Every structure is written in structure tokens, then in C-alpha cells.
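Consider the single chain below, provided in C-alpha cells and representing the form deposited without the named molecule.
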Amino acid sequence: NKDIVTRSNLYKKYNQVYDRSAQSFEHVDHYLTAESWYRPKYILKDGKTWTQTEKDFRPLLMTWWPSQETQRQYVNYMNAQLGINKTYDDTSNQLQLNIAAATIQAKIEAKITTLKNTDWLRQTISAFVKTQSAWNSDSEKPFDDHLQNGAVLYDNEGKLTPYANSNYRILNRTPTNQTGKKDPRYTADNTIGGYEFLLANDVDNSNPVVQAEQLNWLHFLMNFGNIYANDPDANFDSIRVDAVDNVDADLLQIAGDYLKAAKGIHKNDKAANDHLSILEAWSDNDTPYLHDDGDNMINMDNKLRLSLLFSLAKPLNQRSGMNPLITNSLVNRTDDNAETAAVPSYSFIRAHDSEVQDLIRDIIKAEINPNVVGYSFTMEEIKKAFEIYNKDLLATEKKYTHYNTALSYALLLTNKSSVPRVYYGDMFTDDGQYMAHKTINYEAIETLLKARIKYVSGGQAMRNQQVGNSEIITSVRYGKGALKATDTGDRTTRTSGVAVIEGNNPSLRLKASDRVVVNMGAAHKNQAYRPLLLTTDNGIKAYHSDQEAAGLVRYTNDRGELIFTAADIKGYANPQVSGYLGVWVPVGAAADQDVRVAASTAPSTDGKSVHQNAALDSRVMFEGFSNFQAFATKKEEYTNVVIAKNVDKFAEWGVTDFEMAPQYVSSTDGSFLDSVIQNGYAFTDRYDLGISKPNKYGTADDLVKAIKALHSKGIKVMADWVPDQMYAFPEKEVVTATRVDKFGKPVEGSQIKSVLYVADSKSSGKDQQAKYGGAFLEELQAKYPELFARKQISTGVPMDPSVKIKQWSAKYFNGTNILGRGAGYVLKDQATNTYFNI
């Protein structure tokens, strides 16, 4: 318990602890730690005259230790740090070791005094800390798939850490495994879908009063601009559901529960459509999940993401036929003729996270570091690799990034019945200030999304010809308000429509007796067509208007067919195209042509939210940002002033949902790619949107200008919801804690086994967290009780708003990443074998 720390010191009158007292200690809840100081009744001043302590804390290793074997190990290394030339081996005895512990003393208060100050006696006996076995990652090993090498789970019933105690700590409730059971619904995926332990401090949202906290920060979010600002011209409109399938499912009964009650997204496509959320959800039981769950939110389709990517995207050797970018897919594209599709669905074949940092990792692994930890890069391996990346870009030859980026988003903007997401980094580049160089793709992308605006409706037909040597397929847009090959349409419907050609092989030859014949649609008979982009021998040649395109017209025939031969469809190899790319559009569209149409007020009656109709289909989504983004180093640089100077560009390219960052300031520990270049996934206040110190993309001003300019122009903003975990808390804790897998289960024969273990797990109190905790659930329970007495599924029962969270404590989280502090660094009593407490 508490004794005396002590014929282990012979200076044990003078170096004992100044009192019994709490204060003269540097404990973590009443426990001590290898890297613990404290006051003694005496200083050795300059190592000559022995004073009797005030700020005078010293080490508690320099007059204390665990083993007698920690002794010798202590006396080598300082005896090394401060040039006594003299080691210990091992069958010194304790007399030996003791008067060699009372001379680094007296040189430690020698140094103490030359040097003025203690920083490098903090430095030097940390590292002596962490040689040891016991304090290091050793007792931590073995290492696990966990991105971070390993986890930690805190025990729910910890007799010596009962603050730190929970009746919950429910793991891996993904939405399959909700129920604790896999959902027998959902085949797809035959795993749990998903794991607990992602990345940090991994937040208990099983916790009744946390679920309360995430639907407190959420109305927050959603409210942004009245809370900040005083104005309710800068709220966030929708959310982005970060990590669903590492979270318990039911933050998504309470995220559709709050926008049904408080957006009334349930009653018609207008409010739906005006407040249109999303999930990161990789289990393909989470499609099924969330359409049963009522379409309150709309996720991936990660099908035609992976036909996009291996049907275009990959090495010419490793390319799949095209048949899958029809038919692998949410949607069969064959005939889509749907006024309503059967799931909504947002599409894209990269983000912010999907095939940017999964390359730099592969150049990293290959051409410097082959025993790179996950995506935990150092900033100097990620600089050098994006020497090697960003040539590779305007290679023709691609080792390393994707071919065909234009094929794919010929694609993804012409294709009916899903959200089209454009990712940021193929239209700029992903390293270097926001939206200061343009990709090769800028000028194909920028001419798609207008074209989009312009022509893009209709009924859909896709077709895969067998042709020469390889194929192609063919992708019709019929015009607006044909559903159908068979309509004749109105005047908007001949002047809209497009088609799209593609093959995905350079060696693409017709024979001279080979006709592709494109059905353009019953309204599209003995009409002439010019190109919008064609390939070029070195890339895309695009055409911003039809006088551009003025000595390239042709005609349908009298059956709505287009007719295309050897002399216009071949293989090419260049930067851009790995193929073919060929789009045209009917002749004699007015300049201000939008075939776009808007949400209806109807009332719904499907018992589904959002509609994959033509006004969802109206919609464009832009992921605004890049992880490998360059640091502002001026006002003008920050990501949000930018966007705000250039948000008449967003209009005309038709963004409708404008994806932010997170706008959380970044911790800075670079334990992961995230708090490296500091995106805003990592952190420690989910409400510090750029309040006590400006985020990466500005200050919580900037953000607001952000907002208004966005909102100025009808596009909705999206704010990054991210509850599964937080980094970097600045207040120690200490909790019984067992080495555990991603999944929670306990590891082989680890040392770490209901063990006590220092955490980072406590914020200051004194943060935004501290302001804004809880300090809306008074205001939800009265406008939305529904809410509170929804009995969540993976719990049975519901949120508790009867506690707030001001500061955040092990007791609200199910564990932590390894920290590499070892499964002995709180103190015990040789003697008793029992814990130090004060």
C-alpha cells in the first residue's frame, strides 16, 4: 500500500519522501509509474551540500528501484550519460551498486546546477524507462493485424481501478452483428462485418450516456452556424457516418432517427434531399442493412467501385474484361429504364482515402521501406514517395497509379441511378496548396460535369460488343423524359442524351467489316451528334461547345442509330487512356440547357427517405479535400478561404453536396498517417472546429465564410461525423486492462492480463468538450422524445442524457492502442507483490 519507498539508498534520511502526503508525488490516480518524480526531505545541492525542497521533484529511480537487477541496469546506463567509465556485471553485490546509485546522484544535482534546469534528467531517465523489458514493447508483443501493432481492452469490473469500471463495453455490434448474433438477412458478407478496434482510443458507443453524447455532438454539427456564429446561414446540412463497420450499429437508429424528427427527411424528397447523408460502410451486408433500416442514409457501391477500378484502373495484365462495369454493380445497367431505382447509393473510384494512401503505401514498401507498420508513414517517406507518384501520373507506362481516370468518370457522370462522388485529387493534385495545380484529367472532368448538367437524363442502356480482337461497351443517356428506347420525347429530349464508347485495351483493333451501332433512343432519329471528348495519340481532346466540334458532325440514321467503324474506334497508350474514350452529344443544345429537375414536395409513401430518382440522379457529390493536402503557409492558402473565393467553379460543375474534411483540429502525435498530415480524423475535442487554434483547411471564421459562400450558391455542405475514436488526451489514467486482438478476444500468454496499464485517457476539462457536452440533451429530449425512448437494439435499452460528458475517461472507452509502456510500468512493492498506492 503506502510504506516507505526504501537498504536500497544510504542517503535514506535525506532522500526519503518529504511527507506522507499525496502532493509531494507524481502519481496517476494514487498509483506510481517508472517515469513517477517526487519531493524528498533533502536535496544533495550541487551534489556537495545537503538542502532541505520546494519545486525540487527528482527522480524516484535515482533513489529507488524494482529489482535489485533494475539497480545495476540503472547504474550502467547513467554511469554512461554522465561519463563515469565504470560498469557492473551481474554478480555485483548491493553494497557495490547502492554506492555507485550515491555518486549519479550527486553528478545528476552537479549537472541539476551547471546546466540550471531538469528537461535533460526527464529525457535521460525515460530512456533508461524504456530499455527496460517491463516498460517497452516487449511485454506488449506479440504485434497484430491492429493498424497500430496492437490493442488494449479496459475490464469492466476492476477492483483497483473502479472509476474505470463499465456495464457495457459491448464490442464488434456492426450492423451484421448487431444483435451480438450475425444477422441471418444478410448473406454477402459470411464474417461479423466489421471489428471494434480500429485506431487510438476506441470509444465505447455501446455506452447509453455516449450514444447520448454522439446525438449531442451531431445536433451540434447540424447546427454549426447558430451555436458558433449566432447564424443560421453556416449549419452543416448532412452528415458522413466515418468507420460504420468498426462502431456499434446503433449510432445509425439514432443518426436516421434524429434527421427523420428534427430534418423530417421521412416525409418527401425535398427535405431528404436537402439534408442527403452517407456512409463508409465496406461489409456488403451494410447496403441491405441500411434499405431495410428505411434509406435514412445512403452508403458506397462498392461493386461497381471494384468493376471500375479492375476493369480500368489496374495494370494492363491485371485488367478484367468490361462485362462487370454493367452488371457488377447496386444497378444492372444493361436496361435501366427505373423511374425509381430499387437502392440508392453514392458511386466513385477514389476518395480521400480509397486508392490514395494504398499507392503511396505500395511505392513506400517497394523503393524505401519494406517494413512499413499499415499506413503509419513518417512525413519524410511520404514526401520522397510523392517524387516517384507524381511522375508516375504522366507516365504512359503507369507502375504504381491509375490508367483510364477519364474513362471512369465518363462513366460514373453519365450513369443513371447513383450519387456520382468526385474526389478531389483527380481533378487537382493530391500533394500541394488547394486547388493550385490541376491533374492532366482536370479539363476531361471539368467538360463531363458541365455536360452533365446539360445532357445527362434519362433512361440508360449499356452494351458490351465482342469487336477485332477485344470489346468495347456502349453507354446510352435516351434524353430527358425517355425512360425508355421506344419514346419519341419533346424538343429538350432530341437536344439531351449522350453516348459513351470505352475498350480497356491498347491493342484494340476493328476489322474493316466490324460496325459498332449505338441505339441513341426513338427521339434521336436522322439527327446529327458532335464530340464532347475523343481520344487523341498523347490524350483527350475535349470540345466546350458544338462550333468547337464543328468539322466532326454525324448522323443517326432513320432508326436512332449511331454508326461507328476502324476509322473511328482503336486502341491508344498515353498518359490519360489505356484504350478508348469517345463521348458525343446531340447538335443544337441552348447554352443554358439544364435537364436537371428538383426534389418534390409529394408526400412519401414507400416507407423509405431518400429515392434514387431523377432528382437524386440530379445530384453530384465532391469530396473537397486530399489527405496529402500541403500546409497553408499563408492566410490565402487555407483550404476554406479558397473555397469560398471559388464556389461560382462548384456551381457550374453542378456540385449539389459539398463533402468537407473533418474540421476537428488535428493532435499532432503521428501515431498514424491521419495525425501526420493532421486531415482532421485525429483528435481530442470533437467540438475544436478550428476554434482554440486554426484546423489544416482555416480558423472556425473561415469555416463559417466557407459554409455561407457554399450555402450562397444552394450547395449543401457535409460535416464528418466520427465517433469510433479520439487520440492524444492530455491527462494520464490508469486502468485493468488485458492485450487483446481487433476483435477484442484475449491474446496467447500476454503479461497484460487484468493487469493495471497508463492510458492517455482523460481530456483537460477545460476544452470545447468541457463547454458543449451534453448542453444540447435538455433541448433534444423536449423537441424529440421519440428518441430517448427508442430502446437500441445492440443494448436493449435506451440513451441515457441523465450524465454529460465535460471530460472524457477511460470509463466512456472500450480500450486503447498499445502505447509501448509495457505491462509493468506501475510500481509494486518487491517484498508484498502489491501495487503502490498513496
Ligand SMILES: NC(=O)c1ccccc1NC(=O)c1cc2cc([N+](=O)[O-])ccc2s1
Given for the second form:
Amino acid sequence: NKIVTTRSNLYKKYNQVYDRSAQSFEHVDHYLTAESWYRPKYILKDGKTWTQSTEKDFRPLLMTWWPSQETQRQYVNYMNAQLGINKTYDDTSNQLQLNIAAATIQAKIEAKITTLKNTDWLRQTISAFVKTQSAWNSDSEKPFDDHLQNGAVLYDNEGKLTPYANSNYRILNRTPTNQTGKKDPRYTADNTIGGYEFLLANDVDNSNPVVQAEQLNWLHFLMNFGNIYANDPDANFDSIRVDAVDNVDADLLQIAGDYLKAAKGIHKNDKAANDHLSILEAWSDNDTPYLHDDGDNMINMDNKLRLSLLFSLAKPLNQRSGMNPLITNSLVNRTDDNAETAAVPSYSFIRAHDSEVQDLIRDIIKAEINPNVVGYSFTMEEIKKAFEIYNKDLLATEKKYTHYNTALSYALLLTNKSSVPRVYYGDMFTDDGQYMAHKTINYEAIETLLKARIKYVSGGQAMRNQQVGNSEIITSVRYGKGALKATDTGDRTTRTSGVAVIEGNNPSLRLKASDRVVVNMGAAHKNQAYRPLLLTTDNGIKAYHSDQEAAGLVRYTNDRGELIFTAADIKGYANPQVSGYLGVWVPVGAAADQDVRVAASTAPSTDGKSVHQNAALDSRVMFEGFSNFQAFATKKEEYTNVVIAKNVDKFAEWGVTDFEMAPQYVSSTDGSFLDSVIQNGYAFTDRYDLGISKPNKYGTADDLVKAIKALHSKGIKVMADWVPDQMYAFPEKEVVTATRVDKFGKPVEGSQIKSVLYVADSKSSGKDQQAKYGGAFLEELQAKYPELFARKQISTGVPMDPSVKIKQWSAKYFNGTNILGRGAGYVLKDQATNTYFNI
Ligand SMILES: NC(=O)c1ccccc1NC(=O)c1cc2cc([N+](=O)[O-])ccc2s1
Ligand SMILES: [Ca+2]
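Could you output the structure for the form deposited with the named molecule bound, given that the previous block was the form deposited without the named molecule?
First the chain shown before, then all remaining chains and molecules of the complex.
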């Protein structure tokens, strides 16, 4: 427990600690660290004159004390090299010699403190020395593992030396697959446990009922952000994206779903459901059947269709698969999709802010810049270096790193039945640079598809796979509004709606002279003029924005309703936009204002599901409205949210019904991960700081409020990114009992970190937005919706615990943290007793 200095400093009556007070030491939970400073009784002012300590005369403990005589020697050699004392001390040095060396070092340290009138240089120098000792750096945290940040440490549930960090929970890996602690026997598509607990930074223990209640509190805050912050009911987020589903306790999915039902009534009818359409980012193939059984309170991605698009269209030519998966490899087999309501709702995409963007930057970095890059922990310089290669590759016909056939992918996504398409910002605008400043070469094609989707895309779907010539094509037909089956004759609006997409994925595609591609348009489209919407050209894609813009290319269906194409129409191409073939055709003569979308019904839902993949849901479009690699704004007019408010008419014109905004939390700046480098909003210290204490990357809190209001002014719903997995860069240190683990929480054998003291950054200020809003709504929520707090959650068997409000985050609310490079012995012991110092 408890004086420190004795037979290692021959100055001890002057250098010993001022008093036996805690305020004399820079401690962490009354423990001492290698970097701790303290107030001695006297300071050898200017290295000359012993003076009494001036209450603000703190000095490094390593100036006067050392854990071992080996460490004293290392310190002496290091500080000699730092202070211009050309004299090292070798393995045989005696204690007397080291003490006199340390006294000389102290004298010249105090001389330099007076000379520079600052002690910063000495903070830096002592830190740098400390990081040379294997017990105080990564060497004792090794071996590294496939954790994204090389390793993690799990806080012990019962630590006698740190009882304030104890917990009865920290139940790990309770993914949807593994929510009960055993693999769910219902779901067999993913043989694994369907995720893992430790992803990034400080891992929130979402098995803690108090933390669960605080996650509900935060969810309520986001869904009432307008009301709460700006006292404006038109500035609320309408929906959520559930982040990192496979790395958090799946109880949150019930908590969120219950809330959406209790507070917004999404289970009552489709109008309520589609007004708060919320999504998961859940990567396991079990998560979609799990979510369907849970009640379709949210929708997951169609990962199968995403993979089908990626490998059939986007991959390099020699790595490209056959085309038939595009029809059959997706939640919905689109061979003949004639259902009024699909079995399972989903959203579909080809790229996201992370998926197939930062992966490509990593590919580029590992291939031409830094082959040792760890996960996605890029440096800004690596990113800007990789972006020149990336941007040059985007424009090439032969691409080594970037996607082929973007427009073909979007032609399928934006005409497919039975899924909500999600358009990625970085496929219409550049992934880097200022928001909406520079269009991609595919902007025109994608915009044309969005507007044509509003005007033409409705009805049943038919997909066909035809072997022609040396290769293959696929056709995708939508029959038109009101025609679910090919035999439906339709009315006047059916006649002028529907669409045909013809695609190939092989630039060598050549049809035989005798080859015919017979595309059945449906019984509403006999003897009808059709005109192109999109056509592949030698250099790219020609888009047609009107019936007159295509006057000369009209063709006709026969009396059986079939368009027929020959080698004269279809062949392979190879240009920056197409590797294969794209043709999109629409019927001639749709009124300029034709709109085949349908609004959600208010009729009562009766199947026990909240979200239904019907024509009303199919009429929606999701827009992921940000890029990880957006440039930082240079002026207020370039702020993301300001631009969004100014350009909301464009999103209305594209049919965007759901704007998925970037997470709006003020980013941390530690740079320990991609998110902490480009500051997208996923690395944060304050869950409630939505540009309040300082602008986020996208503007001020007021800019956010105005962007939400502008989006609502067009009937567009807005989605908040709910990120309960982790938090970064806490400002206050804490001492925990910790064990080195893999990303599943399994202890690493032979690690010196095994039920030992470790210094984390895991306490928030207590003076931030969390301190203001934390738990502030739990009384309102329990009053309105008592059944939310009556539910016995699956992973824990007990309800949420709102009896405690989290005003300051602390290690007891976290599973653990990524390894911090502080070592296994950062907390100082008395060498004789082998006991940790506690003041
Ligand atoms: N870094 C993240 O955004 C993240 C977030 C939550 C959970 C895991 C994450 N990791 C991934 O992005 C992965 C993609 C895939 C894709 C598949 N699959 O297609 O089957 C399987 C495993 C992974 S992990
Ligand atoms: Ca986690």
C-alpha cells in the first residue's frame, strides 16, 4: 500500500513526496503509473538551489524512483543521451554509480526546466523513455491477433483490486445466432456463431441492463432530436440504422423493435411502418431469417443479391461468375416474381460507405503502398496516396482495383421487384472531394434510372437467362402498373409503364446471325412502340431523357407482346462504364408526370409482421448520403448538411424516400482507425453530441436541424445511425483488472495480461452531452411504455434496468478495449512486497 524513495536516491529528504496526500500524486484510482508525476518536498531550482515545492512543481516519478535497478540503468542511459551527457553505464554498474548518474540527470533536468520555462519537453521525453520498456509498450501485449486493432483486453467481472469496474454481466458474443449462449437451431445458413464481440475501441457491454436502458434512451433521443434540441417537431429523425448488429448483444434488436412498435405503432399498418422504415447492418446469413421470425420490425440487406451483383458484374473480367445468380441468388428468386407481397422484406445495394469502398482503398494500399497495413488503420497520407491510383482506375476501361459495370448493377437494383434499392452517394458523386461537388461518369445513367423508376417501374417481374452466341445475356422485365402476371392485359397506365433491361457481362459477346433475344413485355404491350432509355456505346452509355430524345430509335413489339433483338442490337463492349452490354427500353408515350408509385395503406396489418414488401414498399428508394472519404469542408457553404438543405429538390426528383444520413456524432481525433482519421461520425466520445459542442464533419447542430427540416419539406424520411457497439477516446483514465483476449473474448495463453491491472481511457468527462441527456427520458419511457421494461431480455433473462442513469461512462459499462500499447506492467509495484502501490 502506502514512502517510496530510499536507497536509490541520495537526495531523499529533498526528493521524497511532499505529504501523504492523494493530491501529491498524479494517480489513477489511487494507483501509480510509469508516467505518473508527483510533488516532491523540494525542487533543485535551476539544478542549483534547493527550494521548497511551489504547489505546482510536479516532477516525473522516474526522476527519483525506479521499479528495478535494470530500469534505473535504462533510464540513466536514455536521459544521458537526451541531455548531452556522453556517458553510458553497462551491465556491471553498481547502485552508487547509478544513483550519482541519476542525480546529475536531475540537476540538468531542472536546469533545462528553468531555461525553457516549460516542462512539456520533459513529459514527452519521459513518455518516450517509458515506451522503450517491454513491460510498458506493445511487446507485452503481443501476440497480435485478427482484431481490427491487433488485439483486445477483457475487463474481469470480479476484480478485488478494482471493485468499481466489477460487473455481473459482460456476456459476450450474444449475436442473433448466439443470443441465448447456444447456436440457434432454427438458422443453418451460417454454421458459425454469427459474429464476435470485440470490433473496435472501447466495447460497450450491451448485456448490461443499465446499458440496455441507456441505449433505449439514446434511441428515443434520436427519434425526438428535433423536439429535444431545437423544440421543433419537424426536425426529428424518422428511422434508424442498427450498426454492427453482429458485434453487440442481440437484445437491442428486441429493444429497438419494441420501441418502434410502442412509440410509433409500426405494427398497426403499412403507413406507420413505412414512415419509420428502419434497417439493420447484419452480415450473417442467419440474421435475415432471425429478423423475419422476430416480426419484420426492421429490414436487413439482401447479401446474396449483393454478392451476385459483385461477382457477376463488378469483378474483373477473369474473376467474373456466370449471370444466372443475378436471378436466383437473392432472398427473392426473380425468375417470375408475381407476388403482391414478397415473403421477406429487404434492402439491396452494391456499394456502401464501407462495403466495397474502404476495402478497395485497403487493396490499393496493400498492393502499391504499404504491404503491412493493419485492417483499415490507414494514415491520412496512405489514403491520399491511394486515392490518386483509385481515381485514375475509375476512369480506365481495364480496371485493376475498382468496380466494373456500375450502371448494370444499378439498372438491376432500380428495376428489381420486391426489394428497396439503396443508392450509394459515392456511385453518383466522387468518393473523395467536397459533397456533391463532382459527378461520376455514371451520374447520368443512375439519375436517368431513378427518374425512370418513378415513371415506369411497377408490376410483376420476369427474369430470363439466355445462352447466345459465345456467351449469355439476362433480361429483366417489369410488366407495368397493375400487371402482376404476364397475362394481365392492364389499363391505360399499364400500357405506358413497365421496362425491359438487357444485360451481358462479357465484352466478347457476339450473337450469331440466327440468334434472337425475344423479351416478353406482358399482355398489356402488344403492338406497341418502345424507345431506349439507356444504350451502351463504344465510349460509354447514351441516356435518353425523353421520348423525343430517342425519336429515331423506336422499335415495336409484335402481336404477342415481345420485343425482339438481334446481333444488330446486342454485342459486347469494353469502355470505362460497361464491360459487357447494357440496354434499357421503356414504352413510348408516358405523360411527363406519370408516377406509378403507390402510397402505403392504412388498413390493419393481420399477418403478425410490421414491414411488408409490397408495391408500396417497392416504391421507396434509400439514399446513403455520405462518403467515408469526403473532403473536409473549407467554408460553411460546403458543409454536407448545408448542401443537403440546398439540394433537397434533387433527392425528391430522384424518388429518394429514405435519406440515410451519416452518423452525426462529433468524431474523435485519435486516428486509431479509419473512422477516427476521416471523421465520418462512427468514432465518437459523446453519443448525444450531434454537432452541439463543435461542428461535426457535416456542419453544426443547426445545420443538421435545417437539413432534416428541408428533407421533411419534400416528404423524405431521415435515418439516424444508431451505433451502440463502441466508443472512442475517453478523456479520463481508469485502472481495470484485465485479461488479454481474442475478438471472441477467449484469453490468450502466455500473455502477461491475465487478471492484472491495466490503464484504460474509459471515463467520460461528466460535463458533456451524455451528462445532460443520459437517462433523462427513462421516466417518460417507463410511464408511456411499461411493457418495454417488463420484457425479460433473451441474453440476460432480466428486464432493462432504468433505475440507474449513465451520466458518466465508466469501465463497468464496457466489456473491454483494444490494446493500448501501455504494456502489462504500466501500474507500479513495490519491488520488495510485489504489491501495487495504492495511495
Ligand atoms: N467492419 C464492419 O463494417 C463490420 C461491422 C459489423 C460486423 C462486422 C463487420 N465487418 C465487415 O464489414 C464484414 C463483412 C463480412 C462479410 C461476410 N459475408 O459476406 O459473409 C462475412 C463476414 C464479414 S465481416
Ligand atoms: Ca461489442
